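This is the structure, below, for whatever I ask next.
The other protein chains are all here in position, but one chain of the complex has been omitted.
Chain IDs A, B and C follow the sequence of writing; residue 1 opens each chain.
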Amino acid sequence: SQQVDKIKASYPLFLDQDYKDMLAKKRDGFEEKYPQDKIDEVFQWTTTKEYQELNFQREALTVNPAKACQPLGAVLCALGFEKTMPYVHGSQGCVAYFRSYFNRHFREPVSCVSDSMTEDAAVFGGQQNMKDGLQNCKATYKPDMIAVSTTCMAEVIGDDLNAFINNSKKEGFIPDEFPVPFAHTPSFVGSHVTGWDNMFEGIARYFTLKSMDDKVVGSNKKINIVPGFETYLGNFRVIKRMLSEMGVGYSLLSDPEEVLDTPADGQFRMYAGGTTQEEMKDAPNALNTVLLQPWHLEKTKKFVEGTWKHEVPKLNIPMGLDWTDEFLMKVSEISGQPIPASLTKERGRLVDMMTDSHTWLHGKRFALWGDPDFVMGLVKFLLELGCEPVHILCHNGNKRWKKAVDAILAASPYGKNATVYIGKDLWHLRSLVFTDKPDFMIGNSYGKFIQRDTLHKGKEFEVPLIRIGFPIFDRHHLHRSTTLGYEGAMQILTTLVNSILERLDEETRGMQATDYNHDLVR
Amino acid sequence: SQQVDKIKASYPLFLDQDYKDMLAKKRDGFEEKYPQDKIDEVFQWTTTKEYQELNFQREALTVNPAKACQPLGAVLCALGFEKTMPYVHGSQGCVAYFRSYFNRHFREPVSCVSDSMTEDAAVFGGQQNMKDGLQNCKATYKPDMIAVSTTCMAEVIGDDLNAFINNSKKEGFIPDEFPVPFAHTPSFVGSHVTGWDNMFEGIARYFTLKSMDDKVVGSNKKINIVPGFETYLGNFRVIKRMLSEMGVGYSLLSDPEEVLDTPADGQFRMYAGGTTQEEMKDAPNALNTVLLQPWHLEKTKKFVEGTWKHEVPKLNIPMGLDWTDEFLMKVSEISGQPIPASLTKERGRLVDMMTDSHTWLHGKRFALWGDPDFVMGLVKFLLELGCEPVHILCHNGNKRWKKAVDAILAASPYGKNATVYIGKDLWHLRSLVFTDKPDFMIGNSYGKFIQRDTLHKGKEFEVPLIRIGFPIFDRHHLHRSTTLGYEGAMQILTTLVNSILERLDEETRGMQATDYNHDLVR
Amino acid sequence: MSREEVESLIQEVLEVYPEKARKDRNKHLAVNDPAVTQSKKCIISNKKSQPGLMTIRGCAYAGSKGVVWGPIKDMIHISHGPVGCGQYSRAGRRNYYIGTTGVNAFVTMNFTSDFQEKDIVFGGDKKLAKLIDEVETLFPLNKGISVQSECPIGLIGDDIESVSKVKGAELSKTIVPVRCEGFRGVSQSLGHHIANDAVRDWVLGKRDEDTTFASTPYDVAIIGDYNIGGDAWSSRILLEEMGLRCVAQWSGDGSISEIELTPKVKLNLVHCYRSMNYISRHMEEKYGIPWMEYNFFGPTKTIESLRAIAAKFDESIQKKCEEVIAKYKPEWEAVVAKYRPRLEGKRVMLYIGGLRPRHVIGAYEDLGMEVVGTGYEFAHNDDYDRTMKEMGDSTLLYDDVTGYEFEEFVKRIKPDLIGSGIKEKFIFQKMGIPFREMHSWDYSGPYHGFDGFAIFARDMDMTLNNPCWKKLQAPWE
Partner (left out) sequence: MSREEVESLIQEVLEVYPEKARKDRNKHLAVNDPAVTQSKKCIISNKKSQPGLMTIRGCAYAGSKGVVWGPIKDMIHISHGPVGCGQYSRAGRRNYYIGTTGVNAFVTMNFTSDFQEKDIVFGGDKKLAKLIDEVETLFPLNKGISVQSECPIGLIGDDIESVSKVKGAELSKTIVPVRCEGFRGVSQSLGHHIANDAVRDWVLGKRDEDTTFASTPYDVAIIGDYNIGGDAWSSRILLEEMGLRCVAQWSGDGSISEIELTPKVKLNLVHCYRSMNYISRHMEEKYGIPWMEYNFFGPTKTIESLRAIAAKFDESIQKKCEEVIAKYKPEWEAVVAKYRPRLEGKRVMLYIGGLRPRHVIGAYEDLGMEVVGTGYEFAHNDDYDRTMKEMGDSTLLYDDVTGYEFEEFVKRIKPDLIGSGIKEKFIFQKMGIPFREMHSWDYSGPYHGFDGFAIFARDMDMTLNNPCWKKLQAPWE
């Protein structure tokens, strides 16, 4: 039953007495459900240490992973170029999933096509599919460039993208001068960041490999910036703004912030902004190339140093105080431009915020997960704040990255109790946050369920989640935040200190029980 | 008892069994406390309409007010000028309280002096105090200008600031050329915004009243901006950014963002930035003057129209979508500069954010309180989002402001169930949210206690608080936020939608009870 | 309206395509004529998509794991293959359920094999067996395992049926191998077919010899309702207020025991014909259980379906049906009285998957709203038949529309409201036309039944009449 003046959605309409009775009757009559005491006992067993030992012995089963497949990153990289259509050679269900994922994270339209390979292509290949798809895409959506990636179907089959595109141009499906860069993105190798790296290396190769004769390093007096797999528009904005204050000529490669933040004024813009073809062609003439996320841009770095002959600096991600300072000083050395007074003022303001919040930030324990560079930068920033990381998880990390993170943790007294896990999923982290309870978690939306589990063990065992990373589905417009630079550091510090204060306020809101510590001033 | 490895602060150390026993023994033996059932009965009575009728019949008792006294606003206004020392002619307790209040809100040093009037000054006046204080302040802190306000002691006594300052200059305590503007700020009239208005009018009079002969309107091709009582640095930052994006020459009067956001680089800066004396002297030459908060800048408006001969536009506070558009169009008309494409893109992005969040924003009920202009702008923005304001409270509002707010509410179908209260304090608002429960409250930190009371009635009756306004003591770095303009509208929308989403996530976190609606995608 | 104008629009939109694409896409768009019963003469459906045209269709894995098998709560479903498919489909559908997640319910959890290059080169049957052992060790309260295959499994020489047989014999557990590779078929329809075949072959007949279940003359089973936003629940209560006993619901908030008990019911109430018609026909053939379609979208369709269902039973059920209708009449009458004046005269264009595009027209018509265009992603001509009678005269019908075609059709027709998926929501919101997600109910609901009608009307009013749609054009332009 519903009241017209107060209509109730599923919650709390299904908490009515009649709905409760109907659910109870269903469960007691036809579900054959296990007894409640058995369920409670099994849950308690899953929260224990022996269950953790059983869980960490897994070799073949992955539960609740924390990564995706390469073509997603390839599509994200392709979306960062001007009037460029991402084109995945393979099955359609993949592109549907990619578009749904990116639509949910960004709340913005995502454009991506496929050649819709079916069972017949499982025995003859997707050459006809590639020809017809390229012709149809160029005729319908009119892109300046088509960037081709692959799914697992085409990778396992063995489809040769180079020969297929060459045959499409000869026969006459697409003009010969039309730029069609391609990259192989097997989903069973690496993760989405590897796909981003492969797509960018393919585009750079296509645009610069056969015209290096007239390129001279430092001709245009610019610096190339490769941001990698990035899902915060504020990061692109802050990088551009910092390079603008310094008066440093720069060329951002694969800039998707314009196409992922189009205004709603009555028209739908399929394309907006992005790196131009001339920028890619003139890239070898830059003074140097700076990679913002070096731990998933290894193939790009190999191509840049091998072909463009650019001495790529060994720079960490510009995350937090020390690494932002190092990045700014390296940029100043490369470009010869002094660091202005505005950036020093902003750094001083960040230091002032750190000194203001150090009392509440000191000694807190955080589990965290995400991408390698983001996780390492967040760990460094937490160490700079006096916080104690305990569970550091990266499903798509490797042994060298783990060694680097261990070296970072060993240099700080606050990394004594920290442990780094690579190849572990979110079920492993549930066991860890149960058996060794931290104060908070830092991760994407998928952590919310973990929080729920902790709340089932008790209020004193609940581990609240802080949504920093990709993807965030249960909150709105958090993709507009900034994470790199001083501004990103300020935002992260504010988020952390305010989450701590909110948790303290909640724990001390019981009147005559715990409200003696419900202080007005904190 | 304490564990060396895990040390507890007051919470939850006083929840230990021994402390609980000691507190129970104390209460049972020597406190003569009322029985718990009587306390529960009286609380339940205080949450009814019968109590609300008794509460709203109050004529002489104010409980938990939502305003401060004039010299605080005068000090804030004086802090916005270059190398200016706020000087309160009266008792030192006022200055100590002002400095503590502003330090707690801004987490930054606040400079303000007093002449320390005592009972002897209550018998013979405070002329000698004024002379000695002016000389001592100029000799010690070396300001370019001293801005003098008053406390209730000097106001009741009848101290004449003009004669006292004139005598200080002749006798030779301060040079004659030294600028010493003054303003009377009686704490029993109006509130802190009235003090800001009085201080600004006094400074403008001092700098422009006796030199209007050579002033010609529109000579310098600039627009004066008077921001009023403002405690968000982002508001100052956003107004200047939009005016520069427009290429409009402007002169911001009383700009305190520099002195309230000094960097921490190892040196203490007593003064930083601020409006210069030359800007104040050249103000009459501007094309026009724009008041950002016209409802507490009435004296300033009278002085500007009467003396400077500026036709002050009838502009509301640039809050939300419509009023920001009106302010930008008025600025474009006054200056002649067209509105650039960047501001149109920002407006379109705000509209896109609105369309994305409208499903969760629609139909929510908010009680809110604060300053008149801020409350009216927030009400307008809530009406633009489809939200329903129910309890609109402004302690320092007047009948004409209430009429204007009623006219705004009557123009929208969402303001049907809205009531405006002027002269009511936060105890009235507690009664209102108990008898007519809204979904959320929007106000300063003082609302937190109200929330606690609601939680005592039950979880289903709890009304969460959203901290927007002045002062915010229990959260860090929220004074850096933006409220005016498209950026402020985006920040407010994000805060509202995310508070709604967090409340929904909390209400549906119970496993096998309400976690069926614990959706990953929202 | 103006059939010739709509035909001119169709040709104008078709001009941009190449010759082959034009010829293929001309058959998938049509004008509606309510008199014509056979849609094969006007519209062609269930065909492969044109490459590079940004279609909205999914894959067979989405149809099988995401739609049919996923809502089953007490079973564990393994996305056998690389890691992407399970990650993108995890907790993206709002099939509601009641259980302790991670202990005895696993709907929102993502189990995957996480295939690497070695598993591709050398196969993954041993990895599958080890994974099954690990699942048994760490999740003892699971009541069955399904293995949903992805593209590499079909591509490489992997034989998961023998692994499932051996492990099910070893652990005395029900393991259902589903050959739901994404490259099979052209859309999720073949995924629905494969999942239905798996249910028939491995789960349905496990209690054929068992007679321990006490049956009652009023036994019905809900088939094809996936409890989106609690929808199935809002239906089930009505069926229990009629005096009927609902033994099973497929598959939202469903259990393996309910599927096993389904062949013991007296009637099969099928909600989604497209996905469960195969299993309904099989149950009718093998057990003699009659099945019937029902619609609970809006008060009119709800009342008609309730009376049709009660007609299949004795007089007492009909009396209770009349009592239920009389009880619920004032509520939906009040909802209509409150919300129809704000919604009368509005025009709607829809594009959903197999069933909803023709099932929701009744509620919209009850609120005084007219549907001018409709279409399907993966429906067959049988569905288009029903729709042609269901839909209005001189109205637009589209099958497997592309992004460009859909955008042009909306730009020309200019409806007041659009109902489609997440991949067109923001596109159409940028153009200034109110949009409602017709798949996940825009994270609202339920919409079935009298209780769901109030939520449907409230959502329609809140989106159609939102002030934000009046603010796209800046005052200075």
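Following the convention adopted for this analysis, a residue touches a chain if its C-beta (ideal position, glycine included) is under 8 Å from a C-beta of that chain, and two chains touch if they have at least 3 such contacts.
Student: Thinking of the whole complex, not just what is shown, which of A:332, A:398, A:419 or A:495 touches the missing chain?
Tutor: A:332
Student: Of B:91, B:194, B:316 or B:324, which one is in contact with the hidden chain?
Tutor: Considering all chains, including the one not shown, the answer is B:91.
Student: Can you list where chain B touches the absent chain?
Tutor: Contacting residues on chain B, toward the hidden partner: 1-2, 4, 7-10, 13-14, 18-19, 22-23, 25-27, 29-34, 38-39, 42-43, 46, 51, 54-55, 58-65, 67-69, 71-72, 87, 91-94, 96-101, 103-104, 107-119, 121-122, 129-130, 132-137, 139-141, 151-153, 156-157, 186-189, 191, 262-269, 446, 449, 452-453, 456.
Student: Even though one chain is hidden, which residues of chain A still touch it in the full complex?
Tutor: Output for chain A: 321-322, 325-326, 328-329, 332, 339, 344, 347-348, 351-352, 354-356, 358-359, 362-363, 383-386, 511-512, 515-517, 519-522.
The rule is short, and it goes like this: only the chains that are shown with their structure count from here on.
Student: Let me have the rounded angstrom distance from the C-alpha centre of chain B over to the C-alpha centre of chain C, please.
Tutor: So the centroids are 52 Å from each other.
Student: CA centre of chain A versus CA centre of chain B: separation in Å?
Tutor: Centres of chain A and chain B (C-alpha means) sit 38 Å apart.
Student: By the touch rule stated above, which residues of chain C touch at least two different other chains?
Tutor: 90, 92, 96, 98, 100-101, 108, 230, 426, 429-430, 444, 472, 474
Student: For chain A, jot down the residues that touch at least 2 other chains.
Tutor: 10, 14, 104, 107, 262-265, 446, 449, 452-453, 456
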